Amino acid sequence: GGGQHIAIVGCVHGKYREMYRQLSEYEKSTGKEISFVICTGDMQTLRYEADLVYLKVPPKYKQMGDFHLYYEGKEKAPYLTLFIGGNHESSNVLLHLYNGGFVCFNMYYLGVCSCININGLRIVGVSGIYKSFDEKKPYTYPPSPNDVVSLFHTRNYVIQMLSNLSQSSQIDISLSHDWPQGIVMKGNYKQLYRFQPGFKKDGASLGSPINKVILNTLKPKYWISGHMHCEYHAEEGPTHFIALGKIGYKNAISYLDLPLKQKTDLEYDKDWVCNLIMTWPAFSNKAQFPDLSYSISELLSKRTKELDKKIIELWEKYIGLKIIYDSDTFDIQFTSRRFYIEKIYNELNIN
């Protein structure tokens, strides 16, 4: 294998045509081939004007952006684009796809959180931004316009969902929207505070305590974030932290040149899939989840090598390890995926 060249993108804020133009011009002038694209959020995946109610942007600035052109098939994403949610989202769409999903051709949402595999890499995504008051709130479903202010705040439960994922092998890349709290102090923060003197106020507390815990636990080779509209680099132990800007502005896109360990299509990660199935009982009520009367970490402690093997066989049987486009509406996708999770969990016959 020669190498894979991965585009990493900060905030999109609805500017898809422009992003893809810049990516194409990069290929043209470098002769390099982009394998795939990863975006750190503000994806604004509004299908139609009805979704505007779920986008938290001041009314004077609120627009559709470009997404609907891709949803309708008038434009077509030229690269496989993997993304997480930020603070400017069609949040209803994302909640229907909380277990991940393609929003249109070549655009795959990682859900609230998940790990995926592509070309031998394991990639973790953590959606939203941090708000302390909401970190223990459940999601209520179906979405309603009242929830526009809260749907995009990162829940604490993602830490328990994700923390065992580096036990069998290291995570190559983790993605979040807001920065891991404290990582500002591990780069050229002085230089940063000249460009952005508003950040000085926050000092070491700038960013998400949830993304901090995850970074600490998984210690990925790379952690990528956006949201702040500036470039930044920091080293935290074995983790290279990279923060990226916003499309239309400088340093919105960068590129990772990584070994091509294997060439494989996009797949569900086996460890993640075991975690997803083993936590079904906390996610049993479609109208309100998770149910924190259950303990997620208690649910996960029941995993064994032998039982994980069974989970994967059933997942392979009903869903398949390859992540593939689904043309059902997102509400139907919510039902279908949760149907198979539940069915697989129940076949395990766990006491």
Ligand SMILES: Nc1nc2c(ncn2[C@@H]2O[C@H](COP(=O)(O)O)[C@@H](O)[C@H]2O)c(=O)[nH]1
The other form holds:
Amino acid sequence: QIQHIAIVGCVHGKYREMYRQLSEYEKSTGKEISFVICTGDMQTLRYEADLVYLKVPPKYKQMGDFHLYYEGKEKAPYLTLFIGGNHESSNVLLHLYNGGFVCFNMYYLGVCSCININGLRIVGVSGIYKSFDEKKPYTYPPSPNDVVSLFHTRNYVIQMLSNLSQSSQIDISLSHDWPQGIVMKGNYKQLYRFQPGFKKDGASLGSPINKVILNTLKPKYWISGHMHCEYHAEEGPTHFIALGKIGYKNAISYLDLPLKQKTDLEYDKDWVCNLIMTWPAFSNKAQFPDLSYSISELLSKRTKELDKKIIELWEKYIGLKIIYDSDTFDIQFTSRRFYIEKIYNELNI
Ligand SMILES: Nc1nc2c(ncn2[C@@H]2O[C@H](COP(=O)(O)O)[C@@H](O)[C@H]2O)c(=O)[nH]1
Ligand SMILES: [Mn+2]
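Moving on from the form solved without the ligand, kindly provide the form solved in complex with the ligand as a structure.
Entire complex below, previous chain first.
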């Protein structure tokens, strides 16, 4: 029994084209797509106003396809999971920094998180790396002055994710830019022939943040977009797979994985516990996280019995199933934070 997972690189707002290719696959092969994974540049612009939050050169200030799906005119034929890249409606993604559905069948994993589906554990890390913004907090509500910095990956995600492989392995990890140095771990001479511009960066190509996370969790698969090319590499037990850009034939590939249990999309318990236990660092809605707190120190307080109570409370107020919520994203921001705070304060500390 096997499941077929579509892995997609850069979408850049070409949703109808993406879903067509996926459909062409299910007919070319007669195989069923279980769900879709996307590695960023989703450009989930709801309406014209969101263009302000899209960091692109002027000629790429375009609405794209997403609003069609936001409006219900079009409907995603598959459950689609994604992280953010460097070309996003960053205001929308900041509202949903704790993850959320942007529309039917399209789930954003947030700044970072781990989810559960079909017996698999999947980790996502949004954004691209810029050293000068790695320690920068998020400011809320979103502001047009931060269009150039909202999509930069923060250092703290490392401490947020580092313990996730303690109780079970990670099957798939997602990032937009490549883990730094992994370019040297495939046929890089061949890669440079197709992509001569990459040779200059050498082993420094990619995100040092994703490099750390990969080395720490050692997932079965690490999948990345950003670089506009197909590429495979092996870092120890980890299969690295880079994907291209929609419109070109290197953008989509497929994972054929053993299917033990068919199971709806669910929150990962270990992630949920980290989420609750780090609440003090995220308590200021105007500016988070406050790094006068040590994320590691906060997470060190997790215990078997506390985790059990947390998951019990999460199931009660939110549910383990990740379900579609059609409330505006500003409402979802406040709502999810309300329950995280409620649960933390119920533990007693
Ligand atoms: N040499 C080099 N090129 C990069 C690097 N990061 C991004 N690029 C180039 O910039 C493009 C970014 O595409 P976009 O993010 O606009 O979809 C990549 O496809 C790649 O050609 C990098 O670190 N080094
Ligand atoms: Mn990109």
